[PDB]
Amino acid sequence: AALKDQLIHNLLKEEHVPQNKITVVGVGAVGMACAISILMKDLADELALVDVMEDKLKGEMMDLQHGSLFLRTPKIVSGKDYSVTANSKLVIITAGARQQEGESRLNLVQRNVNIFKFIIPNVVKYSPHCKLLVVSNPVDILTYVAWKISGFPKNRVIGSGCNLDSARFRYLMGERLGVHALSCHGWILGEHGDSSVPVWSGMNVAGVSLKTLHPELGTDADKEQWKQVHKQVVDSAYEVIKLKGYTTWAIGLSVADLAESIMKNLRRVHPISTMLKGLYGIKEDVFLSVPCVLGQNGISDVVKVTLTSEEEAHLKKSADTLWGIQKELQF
């Protein structure tokens, strides 16, 4: 009698269980950039969104759903209750507090810790086996906080870390050199941000080391000021925030790329933040960006880059800073 039933004969009951589900936590501008980038690359057969702002959340979900004709991701869901995130292979954390003025660093972090104490247990409860990917800043610290709270082995807790900044570096490199970023290679490692380390000895096109051609590369004795590009990279995000208010598109694309490696088990190497106690001369429980092999089991291996003693010292300094801070957090 009903039209559906007149039109369609049902032969199979529902067993409905997601096979490649991704959850994004937080629907601010970064969260939604990750979401659209992930939808348009067909990485998931289901997408879930969660946030505390219920109207905003429902709106974003609906807008995405109205695009269904143009996507190959058949199920998009959302809710404040984390049961909608259940059985995710990958859960991306973009939520957090924004540093107020006068706040102080340690105080900003703690407020983010307090948010994660609510988020992380809810993620783990409904997706015990997922990979966690943290994007919230400061990423290296907050990836640690998510690791400790979730109880997950280190291979399953990832920080986007320096992934986008390495992408920005390759872009600026390509602009100076007149070739596409895809063909330009450079690595930024360590602590996300201004303390991050541009590995000059690895920068090359077509296997041709720029440092071998141009020995001054990276020093202050450089007429071409290539050391500036790293600073350009670091500065360029705050430049963008100053211009449009925030950044979204690039980080979203960045995160989708990582998600691809994970969902398809590509085992590509990305500069991302991993718990590297024991490597790179690091002694504390700290996340730093190093070239990681990324696949369906998270970070399985790490490339041991050969660093100068200065570069090694930089990583140690950041490890001390990060640790000193984490030592003062309330969990």
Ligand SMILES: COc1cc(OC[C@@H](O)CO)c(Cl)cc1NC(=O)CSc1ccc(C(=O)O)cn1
The other form holds:
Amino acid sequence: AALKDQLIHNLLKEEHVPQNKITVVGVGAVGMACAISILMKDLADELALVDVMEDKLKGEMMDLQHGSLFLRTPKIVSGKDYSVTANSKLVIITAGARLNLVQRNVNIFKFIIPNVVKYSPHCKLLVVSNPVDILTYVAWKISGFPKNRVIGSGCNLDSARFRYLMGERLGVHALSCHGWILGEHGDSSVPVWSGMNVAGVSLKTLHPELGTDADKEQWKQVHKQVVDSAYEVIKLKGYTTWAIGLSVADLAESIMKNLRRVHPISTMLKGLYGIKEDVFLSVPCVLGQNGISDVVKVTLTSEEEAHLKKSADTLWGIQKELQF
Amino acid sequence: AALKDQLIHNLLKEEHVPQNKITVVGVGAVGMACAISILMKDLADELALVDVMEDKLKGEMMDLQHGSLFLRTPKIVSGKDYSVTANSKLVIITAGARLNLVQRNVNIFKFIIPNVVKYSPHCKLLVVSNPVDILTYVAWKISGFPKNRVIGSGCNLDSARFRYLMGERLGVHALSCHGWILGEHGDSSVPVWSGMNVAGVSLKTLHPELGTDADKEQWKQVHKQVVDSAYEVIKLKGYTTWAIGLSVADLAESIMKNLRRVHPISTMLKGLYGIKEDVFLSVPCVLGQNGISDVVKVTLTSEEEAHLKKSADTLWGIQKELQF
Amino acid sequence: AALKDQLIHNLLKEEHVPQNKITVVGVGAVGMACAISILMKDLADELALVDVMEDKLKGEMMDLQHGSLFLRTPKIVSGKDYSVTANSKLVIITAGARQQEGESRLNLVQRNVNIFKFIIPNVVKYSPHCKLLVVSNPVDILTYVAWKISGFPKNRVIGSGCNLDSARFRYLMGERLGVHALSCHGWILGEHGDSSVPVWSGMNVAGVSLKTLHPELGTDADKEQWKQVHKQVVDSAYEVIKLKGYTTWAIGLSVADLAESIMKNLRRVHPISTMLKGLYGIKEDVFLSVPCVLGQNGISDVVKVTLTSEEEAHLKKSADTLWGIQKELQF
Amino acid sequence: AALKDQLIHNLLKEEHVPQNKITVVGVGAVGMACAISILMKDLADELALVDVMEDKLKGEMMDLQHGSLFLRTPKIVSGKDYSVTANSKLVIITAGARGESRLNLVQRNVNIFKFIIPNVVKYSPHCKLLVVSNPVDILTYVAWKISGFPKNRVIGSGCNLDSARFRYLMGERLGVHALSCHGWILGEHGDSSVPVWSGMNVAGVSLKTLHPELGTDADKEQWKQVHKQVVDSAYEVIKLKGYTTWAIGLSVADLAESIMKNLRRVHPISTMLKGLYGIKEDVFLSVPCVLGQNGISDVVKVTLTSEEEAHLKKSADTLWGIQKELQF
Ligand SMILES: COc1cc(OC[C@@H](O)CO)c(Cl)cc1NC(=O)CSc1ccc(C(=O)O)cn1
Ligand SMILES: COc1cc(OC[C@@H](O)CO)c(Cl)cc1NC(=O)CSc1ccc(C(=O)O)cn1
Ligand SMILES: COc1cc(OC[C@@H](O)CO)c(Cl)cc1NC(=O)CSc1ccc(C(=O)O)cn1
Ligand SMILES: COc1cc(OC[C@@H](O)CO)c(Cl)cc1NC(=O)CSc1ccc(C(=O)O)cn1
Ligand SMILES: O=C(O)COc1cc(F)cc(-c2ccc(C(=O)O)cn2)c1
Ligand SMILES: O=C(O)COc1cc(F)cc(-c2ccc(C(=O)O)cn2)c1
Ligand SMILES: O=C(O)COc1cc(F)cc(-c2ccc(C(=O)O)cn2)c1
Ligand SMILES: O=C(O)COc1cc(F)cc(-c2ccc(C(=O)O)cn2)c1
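Instead of the form solved without the ligand shown above, give the structure for the form solved in complex with the ligand, please.
Below is the entire complex, every chain and molecule, led by the chain shown above.
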């Protein structure tokens, strides 16, 4: 008998139905950052990687597999064919193109998403690709999924950056500094000044000029620096990876473990915040095993409200063009 | 409008079903150490506690809950009624009560086990109650489950104890010391001297008298000291908890994450190792999401085999005297 | 040639000095819950246990040791003698007398002061630089006492104070709101226990003020009766003692979280008890829970929560009461 | 007046000394992988990165810093000046240069260490050194010679990742996790490394005793090939993605855990082994070593066949022959 049979007696005809499987689409800098953050956080019993770059894809798979001894995620698989992603609980989209673009990313999602829904009919979708609020909308429409099951990473990372930057000025950990960046991801995002606090102590109430032009401490520049920081880090090393990857794994955690934590992520919010279009904006969302199930209604100033509505009309205008 | 409804908009009206539920039956010292160990290892998304001591049950529950902020297991339930354990992946039995002290344990299982299988038809059963090999046989009979899905902790703790003590003699961590205690849990367990090693260096080869009465270094007393340690700790503190708890949680980790790691636990080994009876003995077991799917076939000495054979017959002898 | 020397060739003569050593004083329910939580969060490379009950002490030690294979804390030691705790970064005190029939609560405290008068000088002698974390009740008072006896700067003597009650408050809070305690924010401050102060104006989710949304929040006229949530917090230890005879798992996790902020110099803000004479309008040498930045040097700063008049008044009254009991004490 | 001062009362002055600081030298693919692995296993309360590429360096530090909310390592710093590395308990070296010749390549790496290692030592006199740059067996020796450190404190990752690769492939053939499969690759890193066939087991069951052909060319199941697969898998991945990262960073992180927590686990790492295993020259080879807060404290003496010992001897000759020709 073969050596395996000499050592090991098989007692069961083993059906491999993956139970907490997660797929990352795209093995770029971001895709792999998510992959390794997830692997180090023990969130999956199986991980799949999909891409059209097959050698790259095979390498990253092998390189990951080689650290199995050190991980608690027993199976890693890769392939250009989406059968490898079958039965995923969560599929994270990092795929994108390298003029105005979005229609091509739309074209890319036109192939990818249906392939995804085909092999994981019941999965949650987490889109990280930029422009994130648009592509999330695109993935949502192509997928046929209810809105709770299609999430955009939105302002999650920028909120983490803002809390980090807050912690540097205040001299305490980002975990203890609370602050929310909502709305359209990127340059038009909203620093919700009224919500910034340590230990329940409002900063805007302590210091009413917070975030204004007359602000002697120039806290408005804190938001400014978060909106830039991506570009600035790309200027330095060529892309960003580690921080985005860590922020996505944080989201996978709440999803996989049904935590019902609140995160600033992009959800389809028609019917809320005065919004009347089918668009995705970042609002504090309760995140759990069913995707986004609830959303916190934040009290905004009247211009904060007009600002949100402007983003909705912006994204929609851009959406009105695109074709699926 | 309730304050909750002012704060949160409900975007989804969803239902229940836990994806990685674990139940602990019995909230005495061992069951609870299993829970806290499981809760601190993030193995579950829901934990059920069940017992017949209703106050104790409720108190232990609320106490765990008060620690949510520090845990990543969002739902903890308890109750005397077994519906609370519905849809568990794994159910850990620590319930128990002359030598009809077994029969009374049998009558307990007669109540608990059918209740367990009613609410979680597809669960893996993990029996810890002593005498563990017999009690795992009993839940197997009562449950109706296939053998791969009924597991006794058997010799898993005693092997870890063995490996700890080994690392004391050698001055390295237990993680690095290898050695197996197999077969019948308790005084008649088998220290497989030939398997003991560090980094693949056979101890019994460097030192042929290993384990013998002639052994100047008396390594036999090491196994005796493992077999007595429960009695010694009970002698000092009244019972053991923490080590058995950590040991059960490590089993739960193989199951919940489908690690296919090899552990010394008690399995229904009829047809292997020369055994022809319906009995459970600890042998090195491949453990995953389907319970025990494979068994390592350890090369035993004729003296080691006859010793396992004798354990089979005394176990079957005890089981015959039970009323079901 | 011994089997060890046949297998293992020694190259270094080891003089073992622990780098991240934690000591837990007291191997009762609370002490061991602290111990196991700390063991499983990998916060120390050496753990030591002391008590006066020697069999119990040895039993717990061996039990934890037999779990070594599943842990990453390589050395666990115990003994009645405090040399076993030498060179600790953190020493956690859970020792106390249990009441009698019988004795007034003042005389029970005094007996505890008699316990601390033996323990703290032993602790300080063998880990001169440690941080002290006092868990024993009444915690504000016994932390002041540990402060006085040790002769440590205040930054290095911490009371667990309202740390657990705030976590409880957040949990009860997330049960009402359908959100995980992690995302719910609210602080219990001041004196541990009945006289603790639920700071209504800071409660929030996502930085949204509950108080602003619901101006009745935590008033007598409040129709949703949120005050009762505070009462639930205040009573929850009692309620749990009625059910199971003591509490452990919760207090243990909450201590280990404090331990993690210390061992890892995180400077997270926790609701813990500190010497705040001179702050928050307090004129006396007392410990009260306020939000403290917690790190490798203990408590380095405290957040100045804006309190209402009545809330300042509850703290100052709590300050008078503690100072009053503190005077009646024999050191 | 200021907002911070309004919100926060300061009670303690700064005496800020890192207690568990790790420095990673080099922020290439391997350095960063080590860094994120160390960051996600919470082994340090301060991380420091150093390199000569100043932009890339500041950029990498910054990306890690933006993830702080999701980490429990409160301070991350970087710069071209080794003063940022001071009071490291652990210092991981991944620096290096890429017809040149083995020898001329080695010498330029030696020239980098002549600048780097003395800077590491000036600032962390008591640190452990852990070299990863290839050829590691040689560059760990250069690190030891230059640093003036006692051998217990200079460690080369050596065959650690390869042993792990070997247990992974073992596991695939056997249908069990790599954690439950045991095998040891020792000797000189790379293709001259020795797969110790007689140690390979599961549950203490010796595979070679079951399958006596194991290792040899008389083997129908060609188990000898698994070691070739390991030896080759590095460049197979480089062939496919340009380099490797995730696996080496994970392996290094596991080593750092043993050191930082003083675990005294046994790892296959490269250590100065003149005197043991029959080696006469000043040479670093991978042997099982017990690894703790003072570096390598003990070595497990494996029982080697006559041929296996011959291999280690020949490696030691090749290594020394090279070092003998280097300019320090
Ligand atoms: C360029 O198209 C892609 C980029 C991706 O991510 C790149 C990078 O982020 C990760 O390596 C990934 Cl995963 C997949 C694809 N492509 C596809 O599915 C096939 S369909 C498709 C549709 C339009 C286009 C195009 O206009 O360039 C290309 N491919
Ligand atoms: C004594 O009977 C029990 C002990 C248990 O665990 C004890 C301890 O380990 C945890 O507190 C648990 Cl969970 C449940 C039960 N009992 C039952 O379900 C009902 S059936 C039953 C049958 C015979 C007996 C008896 O002879 O004492 C008692 N109960
Ligand atoms: C009874 O006094 C103690 C209780 C303890 O903890 C019990 C429990 O909280 C955890 O097991 C611990 Cl650790 C130590 C001690 N005792 C001592 O150091 C010696 S000094 C002392 C002073 C007054 C008293 C007394 O009034 O009973 C007893 N001992
Ligand atoms: C090429 O020289 C280096 C490479 C490094 O890592 C590269 C890669 O692993 C990560 O980007 C790092 Cl950290 C540092 C250096 N260089 C130095 O200290 C200064 S000394 C020096 C001496 C000779 C040479 C040379 O041969 O070109 C280069 N540098
Ligand atoms: O990784 C690849 O393969 C293509 O590039 C991507 C893909 C993606 F899915 C998100 C980002 C992304 C998103 C946010 C930020 C930033 O905020 O720093 C930076 N990058 C970049
Ligand atoms: O704690 C309860 O509620 C009842 O008692 C039990 C229940 C159980 F399920 C396992 C053990 C058990 C098993 C092994 C050892 C020992 O080996 O230290 C000690 N105790 C004890
Ligand atoms: O367990 C022993 O050894 C003696 O009792 C103690 C010791 C201690 F150090 C803290 C508490 C304590 C503190 C808080 C709460 C509560 O809030 O549930 C309950 N108990 C109880
Ligand atoms: O990444 C850089 O910054 C420069 O290149 C290095 C540096 C280093 F320190 C180790 C390796 C290395 C070592 C072994 C293997 C392999 O075995 O997969 C792959 N790479 C490569």
